[PDB]
Amino acid sequence: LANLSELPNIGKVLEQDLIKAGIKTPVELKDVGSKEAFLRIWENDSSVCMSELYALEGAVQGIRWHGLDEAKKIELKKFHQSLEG
Amino acid sequence: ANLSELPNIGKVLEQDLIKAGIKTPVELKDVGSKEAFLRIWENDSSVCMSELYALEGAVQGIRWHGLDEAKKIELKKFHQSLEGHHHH
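So the protein sequences, as listed, match chains A and B. In terms of PDB author numbering, the first sequence is residues 3 to 87. In terms of PDB author numbering, the second sequence is residues 4 to 91.
Where hints are given, some of them may not hold.
[Claimed, not checked] Pairs of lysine-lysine residues, derived as DSBU-like cross-links and limited to a Cα-Cα distance of at most 30 Å, are as follows:
(1) A/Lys-75 <-> B/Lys-22
(2) B/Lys-14 <-> B/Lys-37
(3) A/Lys-75 <-> B/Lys-14
Everything labelled a hint here was simulated from the structure, so no lab data went into it.
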């Protein structure tokens, strides 16, 4: 398998945060999905941001996040809004 | 993407960037954080280290909190020099 940090949108720091949250490979990331991965990281470090949720979803979909469809961006913004608070 | 969809860029920093002629993420990457910071600082010298870190983190696609230590020190040296504290 690829390293998490080779996936689109996932740099070294997001890879470290995923690993610290228990998500260690692309297969684990796709299994849990972006929203749940984000929440797990948030439980450790609440500085993880709306942009990093977009990055995780892009990684799951295998695309740079700028290209996410509009409905998905709005869904993820609505999720991040529900959390904060 | 909009500027305010990039990591660390709030609505007010997006407005400051636009006012300084930096209107898109591509335009921000093209000029980089130090030039973008100078442009906003020229308009408002109250912008400060926080904004510089935010801008570099935006360029790198990461929360500023994750910037490498070398980059953070590089940015601090630049900011200190701008604000009247060059190294001796």
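Notebook entry, point to check: Under the criterion that the straight-line Cα-Cα distance not exceed 30 Å, is the pair A/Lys-75, B/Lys-14 satisfied?
Noted result: 17 Å, holds
Note to self: Given the hinted pair B/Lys-14 and B/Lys-37, is their Cα-Cα distance within 30 Å?
What the structure shows: Between B/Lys-14 and B/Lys-37 the Cα gap is close to 20 Å, so the pair holds against 30 Å.
Margin query: Need the status of pair A/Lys-75, B/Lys-22: alpha-carbon distance at most 30 Å?
Written below: 26 Å, holds
Checked against the numbered hints above, the structure breaks none of them.
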